[PDB]
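Undergrad: Could you build all of it, start to finish, from the sequences and the hints given here?
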Amino acid sequence: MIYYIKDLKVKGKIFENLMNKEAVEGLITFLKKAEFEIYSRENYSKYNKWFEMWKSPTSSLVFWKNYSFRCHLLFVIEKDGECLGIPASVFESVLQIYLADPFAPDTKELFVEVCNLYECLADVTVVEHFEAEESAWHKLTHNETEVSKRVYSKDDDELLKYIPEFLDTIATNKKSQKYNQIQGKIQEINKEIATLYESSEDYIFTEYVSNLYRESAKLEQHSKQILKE
Amino acid sequence: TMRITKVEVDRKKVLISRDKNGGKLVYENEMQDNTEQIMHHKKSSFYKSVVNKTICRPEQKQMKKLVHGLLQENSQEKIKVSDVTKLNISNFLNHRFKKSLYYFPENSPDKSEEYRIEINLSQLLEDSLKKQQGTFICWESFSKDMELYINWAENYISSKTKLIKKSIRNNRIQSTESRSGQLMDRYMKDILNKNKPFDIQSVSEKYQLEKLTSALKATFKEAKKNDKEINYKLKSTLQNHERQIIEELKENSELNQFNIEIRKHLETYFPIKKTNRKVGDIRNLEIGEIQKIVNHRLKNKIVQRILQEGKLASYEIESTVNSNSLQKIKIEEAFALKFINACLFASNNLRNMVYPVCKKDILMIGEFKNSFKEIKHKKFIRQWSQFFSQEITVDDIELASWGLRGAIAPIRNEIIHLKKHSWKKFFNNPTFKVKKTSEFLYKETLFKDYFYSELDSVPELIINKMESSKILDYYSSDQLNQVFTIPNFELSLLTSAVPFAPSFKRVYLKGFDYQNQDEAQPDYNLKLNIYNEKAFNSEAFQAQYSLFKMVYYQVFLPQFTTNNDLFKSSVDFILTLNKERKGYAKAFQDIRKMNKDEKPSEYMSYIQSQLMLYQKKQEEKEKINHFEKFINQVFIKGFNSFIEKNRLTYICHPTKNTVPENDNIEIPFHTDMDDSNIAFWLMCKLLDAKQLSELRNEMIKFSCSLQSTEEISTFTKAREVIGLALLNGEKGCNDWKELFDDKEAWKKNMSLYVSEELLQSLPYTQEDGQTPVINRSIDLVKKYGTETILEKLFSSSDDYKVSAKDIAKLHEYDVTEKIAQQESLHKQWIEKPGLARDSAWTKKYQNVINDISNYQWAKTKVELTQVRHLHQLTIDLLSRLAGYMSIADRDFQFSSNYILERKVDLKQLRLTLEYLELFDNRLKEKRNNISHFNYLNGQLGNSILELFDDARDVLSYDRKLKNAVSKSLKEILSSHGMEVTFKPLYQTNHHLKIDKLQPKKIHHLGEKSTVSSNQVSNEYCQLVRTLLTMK
RNA sequence: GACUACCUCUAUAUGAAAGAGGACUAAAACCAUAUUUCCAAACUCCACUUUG
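Line by line, the protein sequences give chains C and A.
According to the authors' numbering, the first sequence is numbered sequentially starting from 1.
When you line the second sequence up against the authors' numbering, it's residues 34 to 469, 481 to 946, 992 to 1120, in that order.
It is worth saying that the hints were derived from the structure and are not from the lab.
Don't take every hint at face value.
Calculated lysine-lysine pairs in the PhoX-like style (CA-CA distance at most 20 Å, straight line) [unchecked claim]:
| no. | chain 1 | residue 1 | chain 2 | residue 2 |
| --- | --- | --- | --- | --- |
| 1 | A | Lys1051 | A | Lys325 |
| 2 | A | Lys261 | C | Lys11 |
| 3 | C | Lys218 | A | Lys871 |
| 4 | A | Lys113 | A | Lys164 |
| 5 | C | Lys161 | A | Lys119 |
| 6 | A | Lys876 | C | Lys224 |
| 7 | C | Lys191 | A | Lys888 |
| 8 | A | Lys1056 | C | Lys108 |
| 9 | C | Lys21 | A | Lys887 |
| 10 | C | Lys21 | A | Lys1097 |
| 11 | A | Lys306 | C | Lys108 |
| 12 | A | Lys94 | C | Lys65 |
| 13 | C | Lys218 | A | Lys876 |
| 14 | A | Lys261 | C | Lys108 |
| 15 | A | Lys311 | C | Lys9 |
| 16 | A | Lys393 | A | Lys1013 |
| 17 | A | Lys283 | A | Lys239 |
| 18 | A | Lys257 | C | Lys13 |
| 19 | C | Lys11 | A | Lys258 |
| 20 | C | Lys108 | A | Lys1090 |
| 21 | C | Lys13 | A | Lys871 |
| 22 | C | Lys9 | A | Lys1090 |
| 23 | A | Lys667 | C | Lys108 |
| 24 | A | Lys119 | C | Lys108 |
TA: So, in structure tokens, the structure goes:
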């Protein structure tokens, strides 16, 4: 993952320096302990149902980045089917998520800046390519790793039914065989590089260290292919 | 719908043509009323807007094509009858729908129970698909039951297309036929007759504003309020209030105008169409303050009414004011404003030569005599040797100071007066008067020999300029003869005859970007070969960058910009390179091809006009400026074809030589400037290089809009005088003892910035012993003003000066190696982008990037370069301040001469102006010491940030100019690499006070990264905020 | 919204004047700077930001 979110003012508390794995995970656990009530009369049975599968531990969140014109669609997939979805503006309004400084010169709006938060919350993001008016593919991905597929003929309804099948294949590959052996080689290489630096801080400049990084990169690339299998 | 204008309709663009008799929608170069049939072809987009106006925001893709084929016949296709039925219709419908919508027909007269029409779209759609019994819905059958909805949309399109069409035709210039136009006219005549136009307290009782603003607060203070929703239900409460007072909104026209101003205040501070970003304040909508503001933004429309037809009385076009001639006034005032601000900076330098303490207009004839009386005579000779390369005697300082102010005054007095100009007889100035009156010519004056010692030294300024950049060291003498001996090209002082011509560093840096490319995609190959290197910290590169700079400016630009064939052949390459590949997404699609027998100044006058007409539309949506990268590629491909058709392609290979060549470089040069340009030259010698370059850019925009064939020859002769003053520019003295009289007066002065035993060193003495060396930014400050200001700055703290650890910081590391590594590491990141996620690697890169930034602030601090940066920053603040005070000076003649058109007559003029609370004597005081650069003359009085507080007491006249003063301070400082934050204005008694000042960050190595660097330093920012807050 | 614009026209006074227009009016952008930010390509029409 890449832990990089902008300062966010959430329900009166400001979270800053969210550029590490410890400050992002302190923000996600704040969001699930944050209490709420939902006001709508048409969507009482829908929105309160969405914040129950998500709260439950055995649930997978799907982001689906730019679903409509200005609309993101967070989907929760339960362990046995049951895919529901709300707009991401409903999610921000129930949990009162803002930007802490919206007028800094290095910021954009919440429709652009919140995508960093949502790619740390979700497991899968979906981004349609829309090749010349009509669609082309869906481009699935995992967020823990970066294994990216590309659904070709699946419809929006068809695609959701494929994401539990997309998650099963990636998890099984990681658990055993090639991933265990390939990961070990990368760890050994990193240790050698780490030790190399320790003797001399100037080892990074040398070609021998540069050549070692190329080997590590190749191993990582080979490792993703095992997960896609 | 969204864009009536700036839109292709019949493969033709649309413009609006305003007139005093009405508005008019027209194509591009035509004049006909096409407002009927442009508005009729703009109707397939009303259908596309209504489909979005009936559908909900998580757009179900198949409810979006049921509706679009029920209205349009071609749009309708086929869909499964079962698929729409499976979904729930109410969830996907718009908020206006999902319940019962009621409307009245357009044709129906009045409102009755029978006339109103009821539609339940969710219920209506459900029953129609119940009758549909087929695999796919059959269009004739489904549509027939949809008739109650199709009649709604036809009514909606036809009524909204009729309000827009009425809005265009009534949009005339200086209207007196409209409601709100007649009302403004009525209030304007009750001020010239010094009366009271309106009473806020009595119009707020008819409006019942006590009943509002407590229901506005009862919604804002309502329990369980949401900041995502509060602006939308503060909107509904205001609308509910109007509904109750509606009987006298239609019959008063000032209770109506009172409503529009309170409608408009409510969406600037509680916005509904503006990307909210912030919580509004309950301070903002309270009784007493909401009617303080309405009085303030209804008087603003009266003042903008007066000066808009004081403008129509200065130019005698109050009955024939067209959309074109307002656009023509806008151009000639862009040049006149730019030309005034360079006559005020040259008047500043003529102040410092004669008498630095005068705070009035020295270019007044009589007050110059009182300023001439007190001259320190030893300073004037030393000052004259800096602006001019020649030495003056004691007997000649009676007559050279009247020759200078006679070069500014007859030009500066003609330009200020808002009237018709004759630009011939604007640049002649044969004589100047000397009173003690005896009018002397300029031809027989001392200044004549400052030309033929000046125009004839052009071939040696080029040779001595080349030695400074070490061009001769890295190139042979036979390889510079063939760059000045080319046929037709012949080293002109002109730069470019076409507006919006790029600079060289924009061309060379971006031309590097098209040649060196990843070569992995459908390449946008421009076939480039000379944009080879970017290694600015070498010296072989620094010789070829400087030789390419003056081949381009002094030879290539004059020929390329005036050859029809040369310019067209480069435009035709760029157009056929873009629209000859697969797909519809092509950027230079709607810009036309250059005609034959068309001058290059007439094609780029079209590119200028398209760039400015499409600027509002390109900023509604986040669109890039494709005209800026079009102007790039024409000039990038143009300078490559020049350097290869001619054999000058060895410039890409410097190859430092060892054999000393004692050979001569002969260049040809001729110029037909007669001795009538010998008064505009004297103004250009009093300007800085930045001022000269930017007045030349504005002079070519105005020259490409004139019609007469002479009086363009007037401008292209004055434009060559600018380029002859940029050749000298920054000569400076070479002998030490011509700027200081002693070794101790030097050592006293230079120890204001290093103040130590460090003056007997290698960077501060010549090479050996105790002979001084002069600093090129320490007399650059003496030449202009700023010398008593920067001495006050560095005398505040002793950490500002150069200390012993700063020179010791220049021997810590090699520095060149750090830059070599920073380059090698960066290059690697491109092939392996996963190095960014390697903590150990990014921790090293950051360390190497810090060692560069710390060394270069130490390199600049030691050589006192940062004194030059402060001087440049200081000039750009005082001149932008002076650009606002000359807009207020124009508005005084647009409102005063309208009163005179309606001390015998001067008594009745000013007594009106204190009834409007216009330009006072306390504002003319503040408008004088800004426009006359009186911050520079030592004694402070008020700081720089208290001058920007003075600028918005003068310009509080209108909010367009008042709001933009503080937006311009933040942009000048952001150009110099900083930020500024400003503690709030309601807490600091409406003054500008710095909340935070920080260096701008650069964000190396990707987009979601934390490796960054400061654009200047933390030590410079502290130095900068002590210049802003300094009395 | 000083920064985080302003002005003109538009009345079925509401699904809303919550609409269009502006080189027309301002600010920017463009311009002869001292060096680190990889870069290239990316037509047009239409939504309009609300737990309703």
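Undergrad: For every hint, state whether the structure bears it out.
TA: Right, here's what the structure says about each hint:
1. For the given pair, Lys1051/A sits about 17 Å from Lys325/A by alpha-carbon distance, which is consistent with the 20 Å threshold.
2. With a C-alpha separation of about 13 Å, the suggested pairing of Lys261/A with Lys11/C holds against the 20 Å cut-off.
3. Between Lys218/C and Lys871/A the CA atoms are separated by roughly 18 Å; this keeps the pair inside 20 Å, and the hint holds.
4. Simply put, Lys113/A and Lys164/A have alpha-carbon atoms about 14 Å apart, close enough for the 20 Å limit, and the pair holds.
5. The suggested pairing of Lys161/C with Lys119/A holds, with an alpha-carbon distance near 18 Å, which does not exceed 20 Å.
6. At most 20 Å may separate the alpha-carbon atoms for a hinted pair to count; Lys876/A and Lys224/C meet this at roughly 16 Å.
7. This hinted pair checks out: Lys191/C and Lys888/A have alpha carbons roughly 17 Å apart, not beyond 20 Å.
8. In summary, the hint linking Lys1056/A to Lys108/C is supported, as the alpha carbons are separated by about 19 Å, within the 20 Å threshold.
9. Using a Cα cut-off of 20 Å, the hinted pair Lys21/C and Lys887/A holds, with the two alpha carbons roughly 17 Å apart.
10. Taking the CA atoms of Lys21/C and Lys1097/A, the gap is near 14 Å; set against the 20 Å cutoff, the hint holds.
11. The hinted pair formed by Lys306/A and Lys108/C meets the criterion: a straight-line CA distance of about 17 Å does not exceed 20 Å.
12. Between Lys94/A and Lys65/C, the direct Cα distance comes to roughly 17 Å. Compliance with the 20 Å bound is thereby established for this hinted pair.
13. For the proposed pair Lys218/C and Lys876/A, the alpha carbon gap of about 10 Å is at most 20 Å, so the pair holds.
14. The hinted pair formed by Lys261/A and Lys108/C meets the criterion: a straight-line CA distance of about 18 Å does not exceed 20 Å.
15. A C-alpha spacing of about 12 Å is found between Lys311/A and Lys9/C, which places the hinted pair at or below 20 Å, so the restraint holds.
16. Distance check on the hinted pair: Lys393/A and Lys1013/A sit about 12 Å apart at the alpha-carbon level, within 20 Å; holds.
17. Between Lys283/A and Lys239/A, the direct Cα distance comes to roughly 13 Å. Compliance with the 20 Å bound is thereby established for this hinted pair.
18. With a C-alpha separation of about 18 Å, the suggested pair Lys257/A and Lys13/C falls inside the 20 Å cut-off, and the hint holds.
19. The suggested pairing of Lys11/C with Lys258/A holds, with an alpha-carbon distance near 13 Å, which does not exceed 20 Å.
20. Simply put, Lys108/C and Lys1090/A have alpha-carbon atoms about 16 Å apart, close enough for the 20 Å limit, and the pair holds.
21. Restraint check for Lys13/C and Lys871/A: the C-alpha separation of about 41 Å exceeds 20 Å, so the hint is violated.
22. Taking the CA atoms of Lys9/C and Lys1090/A, the gap is about 23 Å. The hint is violated against a cut of 20 Å.
23. At most 20 Å may separate the alpha-carbon atoms for a hinted pair to count; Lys667/A and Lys108/C meet this at roughly 15 Å.
24. A distance of roughly 39 Å separates the Cα atoms of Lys119/A and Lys108/C; the hinted pair therefore is violated under the 20 Å criterion.
This entry does not satisfy hints 21, 22 and 24, going by the numbered hints stated previously.
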